[PDB]
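A single protein chain has been removed from this complex, and every other one stays in its place.
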Amino acid sequence: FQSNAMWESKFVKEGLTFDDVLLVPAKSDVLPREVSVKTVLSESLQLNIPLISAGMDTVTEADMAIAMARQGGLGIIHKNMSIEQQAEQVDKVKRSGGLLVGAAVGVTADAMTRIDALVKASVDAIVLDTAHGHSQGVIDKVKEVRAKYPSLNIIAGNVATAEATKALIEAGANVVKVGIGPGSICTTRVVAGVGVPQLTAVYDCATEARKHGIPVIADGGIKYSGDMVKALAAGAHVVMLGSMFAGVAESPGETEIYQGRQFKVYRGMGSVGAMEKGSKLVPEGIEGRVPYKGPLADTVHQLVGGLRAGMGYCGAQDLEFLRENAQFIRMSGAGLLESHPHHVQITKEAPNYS
Amino acid sequence: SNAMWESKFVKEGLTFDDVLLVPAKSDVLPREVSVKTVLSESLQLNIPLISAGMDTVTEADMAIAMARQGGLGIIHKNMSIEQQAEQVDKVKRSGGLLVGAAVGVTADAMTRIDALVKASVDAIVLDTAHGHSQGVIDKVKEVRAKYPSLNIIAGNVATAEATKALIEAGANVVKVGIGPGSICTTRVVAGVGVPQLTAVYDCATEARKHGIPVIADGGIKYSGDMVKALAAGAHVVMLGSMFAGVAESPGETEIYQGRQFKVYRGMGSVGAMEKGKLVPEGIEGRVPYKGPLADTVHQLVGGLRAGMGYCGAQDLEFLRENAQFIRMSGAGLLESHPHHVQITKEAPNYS
Amino acid sequence: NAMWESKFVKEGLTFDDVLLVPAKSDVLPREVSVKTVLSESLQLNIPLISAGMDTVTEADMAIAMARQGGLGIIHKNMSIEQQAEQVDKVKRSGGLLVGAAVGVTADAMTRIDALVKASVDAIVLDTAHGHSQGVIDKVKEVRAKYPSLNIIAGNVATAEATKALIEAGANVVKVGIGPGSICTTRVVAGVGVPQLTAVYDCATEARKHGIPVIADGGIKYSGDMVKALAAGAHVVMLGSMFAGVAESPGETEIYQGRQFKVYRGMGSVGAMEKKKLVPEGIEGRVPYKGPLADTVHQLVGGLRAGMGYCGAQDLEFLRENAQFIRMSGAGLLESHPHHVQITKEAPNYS
Partner (left out) sequence: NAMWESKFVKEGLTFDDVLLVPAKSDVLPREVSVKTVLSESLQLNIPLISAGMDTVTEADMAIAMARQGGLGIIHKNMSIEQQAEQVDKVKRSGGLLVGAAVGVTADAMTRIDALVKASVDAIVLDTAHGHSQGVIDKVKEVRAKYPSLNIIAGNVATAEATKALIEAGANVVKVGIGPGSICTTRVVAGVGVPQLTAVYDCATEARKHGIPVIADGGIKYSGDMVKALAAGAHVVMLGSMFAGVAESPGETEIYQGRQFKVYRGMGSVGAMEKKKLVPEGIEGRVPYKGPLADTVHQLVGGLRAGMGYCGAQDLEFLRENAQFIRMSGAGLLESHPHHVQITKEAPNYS
């Protein structure tokens, strides 16, 4: 009947994102240079740094995955290519000294065929990427892959609620990817009206996944290295970055001079440009440019450096302590203005602030 | 009694940019969801879109295009009674299409309604600035007593009491929206308004008891705002600025800075009132030319279908009854839009 | 330990935080009564007062304001003789109501005596901090010598300060610490109360004694005046919205083909000159708007629209029954015109 308790709970929940909070410094006994940033995603997947490059056609291919793995991270080779081409990218990364590599797979009828070639190429993890992870199609596809490959690392997403996280874990997924709408090139929340603020989404999903011993991945919305520290402190084992990697030298594509500086193309996989590469349509992403940042090593050094400093401020020896003990404090828009530089004209741009 | 003095600053309101829709378990794909909606027995739409009854938005060509897309058009009342009845008759002659017409609360209101009924209009829109007026209530009772089977759309209102008053007067559809229009200054020049998402939610809460649908009119800037309006209790949304740049809109295309634009102004603006001193409650402006209506409608329905898919809603009734929101700050809004990226090209659904 | 734990308890609201809730209405906007009674000998046909500033109100402004049904406050940045002649000029042109600003100094009573001889209708004892012992002692001194004189005291922003001035003998209290468009008090001194909360807090106290309050400062559109009156104020005082009017002092200057007029705070460097100075105001310019009658028509028109939305037959009903709803910053962007390139200016929105 009309006894709709859902009607009066429509506007009950509240959500927080990175710019809403700060990490509260605590007693510390460990220097930043001696903290442990290693993380374990499964029994056959350990990362020395908690950084994964996104599986997008302007972010990660073979050269990016090789450079990411040599930094201690992981690269997800995108799926906007043929099955044999993607397997050739995976095989190229594997032969380069026994490095880790991942590959993205869509939820289509041809998914099992693509996963077969990736497993034959000795892929370490597949990423069942989709816009709405909490669908029956993704759930059924996780179970079919789990039955065929019991020892394969499966990364499933994207989700933003605890119930969605529970459904993917009991379907076979050993890693859950969190993020509906936070991406720098994403318009899902604008054209569809759906999303969860990324920090609340990471906290709600990690709350459910910690009951089963499953890690979660913070995917999208990270603009500065401090946002990565907040995502890990909110419960995530590892973060996935797109915009902060699209400008590095190992990224696909060359440099074009724009506004007098070198720029690189960065576009969403749900944009018009990306969807036509693998084919009106209602897009959920945009196309654009990010500044050129030189080699990947210089960017990863700044990222890890900011994490080590933040863990020093919080007294975290390893990521598990930060995940379980770090406390936040909420601030208003005025607090954000105070957090950034203010009332001073910046002359030289810093390696970690633009 | 100091009850009214102590409750002045108690209520709180939310707009579209304050909230997001929470994803839920989904068994349906966006292309297999149903966007149909029923306002009454004699007024069913294939898509939940109504074009605003404004002189720069909807005339005969716009109403014909809206109906052939599955929606509805409201012929504006800034014309003679014979001209509005003739435009209604043109739309009906184009294949029995659904069409509406706007009527004010004046002395010639019944005369204009008499001519619109003879033209076989499908719905009368008694539109006024303050729907919670005694004159508006009396007019609805005067029309309902004369035409017991006529679809009467009354507005605009923004509170639960006003919704109950118009329903008890005879209105079978209620229009919600005081202030949120893109060309509206009512909240600025008069200080009166209710945040549109809270207004829709409060009016639908009262209207759902009596089985009366509400129209979310004004404030919609992207296709995601329409999803939030329907999820908040609205059966159908009304759009103005989203339809002004469409080729089927009345008025020719102007050239400004080489680009193509179309005039868009509020019915309470100075220019609109001089057509048919003054204290205006709207402004006059221009919007970019968007081309044929079919391209704009495709993007709007596509975002709605994607939104219903995220929420696991097969039909619009499930969205109204089950969709949950989450509140966010301004920082959440900035995260929701694209950010820290130099946009290269404009998207079809993101301007 | 109670004062230490209550430092951050209070919350405050301003005009852009709220909207008025429409209500059942049986009255058309052209039927409403905008009259207001400040005292037995001070009745206004419109709830509008022009601020006592040297770029807003002099003889010509006060004459035009009073003819529209309002009131003008002649500023005090002039000699006693010159201010007495300004007041007499307004009285000699039809017997119009007029007010005059007076500061708290040793010269205060001498200036008040000349204004009273000029048949001034209301003295505005305007100071930066109305909640001081010097201002209170001055109000008792003036009321003792002039029992029938209308005394407007300010500025204050708390219920405690409102009660102190009423018990001192003031019959009208002026509210506003910081919200002025040219004011920097909250920036340079860190002190203030959000104007809508200040009006409501002071009106809550003043209504117990049957004393009206003036909402002074922060009004940038006609809708802000409606909110201030609905929050408990009997009348509003405007500065920036009258500084561009032709009847204001100063000439019109043209900048990039558009006319402007000078507008500055009385605590700015320029006003007090007319290194050792620490100002609490800035100096700037506002667009030229032409005759006062056009601005007043838009102002009263916007008020009549708002009173119609609220079902207020008179200002006393709106003062006691109007309800607000709070909104965020996204609600403010929705309230203003948005996502449309504005082609031409409106007479009440620029």
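For reference, chains read A, B and C in written order, and residue numbers begin at 1 within each chain.
In this text, a residue touches a chain if its C-beta (ideal position, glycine included) is under 8 Å from a C-beta of that chain, and two chains touch if they have at least 3 such contacts.
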Listed residues C:279, C:306, C:311 or C:337, member touching the removed chain: C:279
Residue among A:2, A:3 or A:347 touching the omitted chain: A:347
Residue of C:15, C:200 or C:242 touching the missing chain in the full complex: C:15
Chain A residues that touch the omitted chain in the full complex: 16, 18, 21-29, 203, 207, 224-230, 233-234, 298, 301-302, 305-306, 308-310, 312-315, 324-335, 337-348, 350-353
Absent chain, residues of chain C that touch it: 3-4, 6-17, 128-129, 131-134, 156-158, 160-161, 164, 177-195, 197, 218, 220, 240, 260, 262-263, 268-270, 275-286, 328-329, 332
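Note that only the chains that are shown with their structure count from here on.
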Approximate Å spacing (C-alpha centroids) for the pair chain A, chain B: 39
Chain A-chain C separation of Cα centroids, rounded to whole Å: 55
Sequence positions of chain A contacting 2 or more other chains: 333
